[PDB]
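Let's start with one chain on its own, the form deposited in one PDB entry, as structure tokens.
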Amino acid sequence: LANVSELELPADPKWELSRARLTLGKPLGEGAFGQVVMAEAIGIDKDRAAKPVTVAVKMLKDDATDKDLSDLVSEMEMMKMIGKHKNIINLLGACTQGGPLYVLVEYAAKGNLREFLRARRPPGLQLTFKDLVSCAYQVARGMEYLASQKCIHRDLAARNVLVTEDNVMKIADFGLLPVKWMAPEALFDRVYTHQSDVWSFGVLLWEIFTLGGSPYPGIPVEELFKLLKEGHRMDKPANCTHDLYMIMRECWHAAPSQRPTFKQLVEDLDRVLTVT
């Protein structure tokens, strides 16, 4: 329950977008806080000043109080503190004055990595191995950057990586059954670190190499708790090499410090990417 009378939100001039430039469009979905809608913003592209660029707008849900407002604001402010990187969903601007809070972030035309891969599987009526490694490498770079800015994602998964028209991987919702991505220490002991994100990254690799497969298929969460404690892990995917499988397994060491850093993962993936 929110404070009864706060000040209207202050403007940050350098990020403020004129409302005349923004035109809201079709809903895209809902994340942790608020919803996201498709929109067009004129002048976002500095080189093409008259062109309406498609963007994504974060705004309040239809049934929201202003409790949800502080969350949306916090997110925006985190994105500003974290700064820009190729492999994250970047802040593009905001409308904070004379109407609803609108937070503009980069638009990813091809949806999330899960649905990107699933849609481009061999059945239905060409995705290569290098492409899969490329995806993993790009996600690792994104997480390396975020970790370098003291950012912990807490819900890293293929569903939270977005793919642009140019096939760029972009981590989403880094500002703040998901149990299948949680590290034991996070699941059992509520502990979140960069090293818990690495576990999640390991599960993400598995997603990538099953072409957007759901992890621990056919295993209910109660079983999962037991089999994680017993030290069991997912088996190598079909499309996975031994070296890549070893990287997954290193991500799933029970002891967090024995998991590699994202720095190390980037290097590891780079080697696999370059020899392919």
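The term rigid core refers to the maximal set of C-alpha atoms that superpose within 1.5 Å between the two forms. Residue numbers count along the first chain shown, from 1. Compared with the form deposited in another entry:
- Measuring CA movement between these two forms with the rigid core aligned, the set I219, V37, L211, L228 has one residue at 2 Å or more: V37.
- With a cut-off of 2 Å and the rigid core superposed, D71 has a Cα displacement that reaches or exceeds the cut-off between these two forms.
- In the core-superposed comparison between these two forms, the C-alpha atom of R249 has shifted by less than 2 angstroms.
- With the core held fixed between these two forms, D12 has its Cα displaced by at least 2 Å.
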The other form holds:
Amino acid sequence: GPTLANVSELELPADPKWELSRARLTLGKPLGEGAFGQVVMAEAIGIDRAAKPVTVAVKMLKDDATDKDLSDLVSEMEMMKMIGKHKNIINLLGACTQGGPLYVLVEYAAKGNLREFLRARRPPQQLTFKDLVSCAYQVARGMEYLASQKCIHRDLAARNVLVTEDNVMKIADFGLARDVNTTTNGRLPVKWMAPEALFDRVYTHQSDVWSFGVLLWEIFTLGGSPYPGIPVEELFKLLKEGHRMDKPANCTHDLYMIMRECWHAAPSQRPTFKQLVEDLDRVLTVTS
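Return the form deposited in another entry of this protein as a structure block, the form deposited in one PDB entry having already been given.
What follows is just the one chain, with no partners and no other molecules.
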């Protein structure tokens, strides 16, 4: 394991193809902090091919970092190395791993997370129906790609989708993602989680489909909190008895059918991401 408890240097293996030299990065304004790191805007030279600086997001350790946070940030970086380029994913761009603090460079999304983006645009240019379907389609396309790369996200939610300046949706926060014992799937927020993840301690692409269903509900409620009024301690009992969230007012019947299919108890009866892309493509085309 890499450890902060060294008196020489960093103990991270070199990976030249991802390394960016430090003079080619200028750190800028803070964007915020998460569980195991902070994010700052930066400009990076020659990492997307002309010496023009590109704005990126830099994830780094917090001032109150732990040794585990180092391990976690390295693991996140290593997962992202394994995920190829896709327009609807936040991709790794580079890293500064030698000769200084650990910096993980990822694509920048100027409008922040989808959940806050939606909530900020609640009626009281509005978000239209077409905008909502477009958001859902783009996330589905991202997830279809992830699944094809044999990657389970495990933490899909509106909070973990970012929005670019040009309103492109990019799936983010790969800290829990796995390349496909008793506490397996214990770090997954239960309101977004397929029941089988906890009851059977398995996780497949079809489990991610359940989460996508919850995300769809979040989109059409403009960032509503799932299962409002129901405590996490009561949730699985209600779900086992067949309760499902009600149709959002912004959702049409056809979209609500898609959403409810994603919450089939039986994973194999949920649609695949390839099927969801097809379904949402159809909706998006008719609405234009």
